[PDB]
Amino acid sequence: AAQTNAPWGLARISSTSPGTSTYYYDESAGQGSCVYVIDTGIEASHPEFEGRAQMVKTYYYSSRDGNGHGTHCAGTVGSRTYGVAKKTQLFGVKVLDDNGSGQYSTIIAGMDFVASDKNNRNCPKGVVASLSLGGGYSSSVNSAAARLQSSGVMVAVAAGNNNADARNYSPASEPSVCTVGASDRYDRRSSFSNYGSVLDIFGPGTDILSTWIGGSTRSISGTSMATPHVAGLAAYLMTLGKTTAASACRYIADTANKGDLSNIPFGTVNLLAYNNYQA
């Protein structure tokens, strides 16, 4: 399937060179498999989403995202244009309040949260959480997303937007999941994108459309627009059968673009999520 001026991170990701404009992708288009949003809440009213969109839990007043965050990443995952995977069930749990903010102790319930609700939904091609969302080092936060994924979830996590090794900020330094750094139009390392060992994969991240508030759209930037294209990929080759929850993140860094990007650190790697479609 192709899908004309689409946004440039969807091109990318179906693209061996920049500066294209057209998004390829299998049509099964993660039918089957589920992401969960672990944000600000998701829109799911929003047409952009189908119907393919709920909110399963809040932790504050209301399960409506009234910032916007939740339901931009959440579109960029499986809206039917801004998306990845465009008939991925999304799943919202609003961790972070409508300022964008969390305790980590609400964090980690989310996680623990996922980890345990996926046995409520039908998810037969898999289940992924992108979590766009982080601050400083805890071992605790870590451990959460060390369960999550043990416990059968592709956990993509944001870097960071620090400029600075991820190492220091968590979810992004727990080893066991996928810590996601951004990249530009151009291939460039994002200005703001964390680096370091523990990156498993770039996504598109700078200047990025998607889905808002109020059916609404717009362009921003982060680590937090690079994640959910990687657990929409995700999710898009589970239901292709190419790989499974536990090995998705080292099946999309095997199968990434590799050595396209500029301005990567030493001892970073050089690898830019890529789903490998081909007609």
Contents of the next structure:
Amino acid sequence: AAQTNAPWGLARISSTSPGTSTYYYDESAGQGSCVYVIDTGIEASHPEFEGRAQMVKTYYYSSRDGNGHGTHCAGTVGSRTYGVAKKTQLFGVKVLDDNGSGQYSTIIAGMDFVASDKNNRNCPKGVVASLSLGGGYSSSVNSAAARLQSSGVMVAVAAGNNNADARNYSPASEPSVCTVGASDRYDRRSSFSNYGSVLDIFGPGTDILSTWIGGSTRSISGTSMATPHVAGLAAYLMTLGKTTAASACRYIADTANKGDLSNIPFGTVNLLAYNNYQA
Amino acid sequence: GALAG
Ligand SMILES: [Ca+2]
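The form deposited with its partner chain bound is what I want next, because the block you gave corresponds to the form solved without its partner chain; please supply it.
To see the whole picture, the full complex is given below, headed by that same chain.
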């Protein structure tokens, strides 16, 4: 399959070179897999999700995404036009309030929730969790991410946007999960992207067009935007039977575009998420 | 994360 005039990020993950505009992908498109987006919620009614999205848990007064961040991330995972895995099932877990903030205890509860809830869902091809959030180092937050991964869920987390070593941030600094940095359309490390030895992979993160609340779209930037590219790619690859939840991060790193990025500090991987699609 | 997007 081919999507012409695709968002640059989608094009990039299906090419060995920057500057292309077509997203090439297998028509299976992540069908049979499930992705939990742990964020501000998802506007499930957005036409772009085609009824494949639903809220399963909120830690606040409503399950509604009053912010937009969660909807945007979910869109990059699996919306029709803006998504990597266009036929995946999306589950929303609202651990962040409508200002985009949340307490660590709530974020942890949300992760524990997903580890259990997946046992109630029909996801034959596997389960992924996308965490476009974080803050200062916390061993308890790291532990929760480690538990989720251990339970058999592919966990992808944002490196953070402090232009600093991600070792001082959580859940980014948990080694067992898949920590995702951001790049721009010219194959430079995004100016805000965290770096360091704990990073596993880079994905498109600067000027990413996706779904927004009120049935709209917008372009925003962050490691928050790179994370769902990797989460979507994982779901896509698991559906193809190429990898499992336990080894997806390693498989993505192994099959990545290598050495393409500039402005990568010594000690940080030079690896960009790549689907290796060949018609 | 950190600032995380
Ligand atoms: Ca890791």
